[PDB]
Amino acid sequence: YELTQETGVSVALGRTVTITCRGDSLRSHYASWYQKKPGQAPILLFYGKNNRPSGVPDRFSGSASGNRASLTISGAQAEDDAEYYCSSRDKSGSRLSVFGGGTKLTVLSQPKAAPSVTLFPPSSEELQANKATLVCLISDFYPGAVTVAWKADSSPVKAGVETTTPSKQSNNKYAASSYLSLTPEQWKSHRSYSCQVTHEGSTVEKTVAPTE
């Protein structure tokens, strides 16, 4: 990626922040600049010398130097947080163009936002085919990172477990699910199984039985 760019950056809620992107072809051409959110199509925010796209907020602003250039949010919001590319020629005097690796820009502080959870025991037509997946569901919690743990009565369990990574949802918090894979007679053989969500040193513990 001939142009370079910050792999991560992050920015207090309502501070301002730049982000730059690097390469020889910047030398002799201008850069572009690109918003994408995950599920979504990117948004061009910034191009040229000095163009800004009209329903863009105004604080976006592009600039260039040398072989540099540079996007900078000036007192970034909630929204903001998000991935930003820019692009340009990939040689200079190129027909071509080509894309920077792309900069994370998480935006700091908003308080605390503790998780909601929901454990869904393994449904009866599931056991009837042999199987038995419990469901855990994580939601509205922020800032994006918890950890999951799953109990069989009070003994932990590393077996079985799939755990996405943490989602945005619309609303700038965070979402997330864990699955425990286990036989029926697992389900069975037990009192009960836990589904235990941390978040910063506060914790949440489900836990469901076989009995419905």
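Residue numbers count along the first chain shown, from 1. First, how it differs from the form deposited in another entry.
- Domain motion between the two forms: of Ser70, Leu44, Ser109, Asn172, the residue positioned at the hinge between rigid parts is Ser109.
Next up, can you give the form deposited in another entry of this protein, since the form deposited in one PDB entry came first?
The following holds one chain only.
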């Protein structure tokens, strides 16, 4: 991304939190800031040097310095729990625009909870058909932001990975699943595969080896 944003940020209710957007084009251009909730249209929060649209809570404030744009939320409310995108030019002087990666802002409403990770190997009925699939299951975590990575022996796998965006579930904790597809004449080859899962800074690993 030309504009880098934190993947996720937590704030206690009523406390102040700042999220940031960083990139070379911000040395010459201002950023604008957007809020987006699952399934809803984004809304403009702030743009330019000091412009807040009417109807936006005045607790949202933008600022900027060097290659950095900040959105500060003074006194976070439960209704602020959302995704936040920055936008600016992709390069100084450009007619194009670009978005940062988005920051998931969690306004804490329950205790933090590490995820429970299960990694399923391809079933034998599934390998009968010349097909194999690793199914890593991640459930009961809070906040709802998790980075998944796959490994073969000890080397990263980015090809053939599919990971679902964390879905909100009943208890308002979160679930997510991840799939690593490959051929049977490939899973029996490696010593072991691993689903590594990063949550709130700590990383857990589940490993399977072709043996059953």
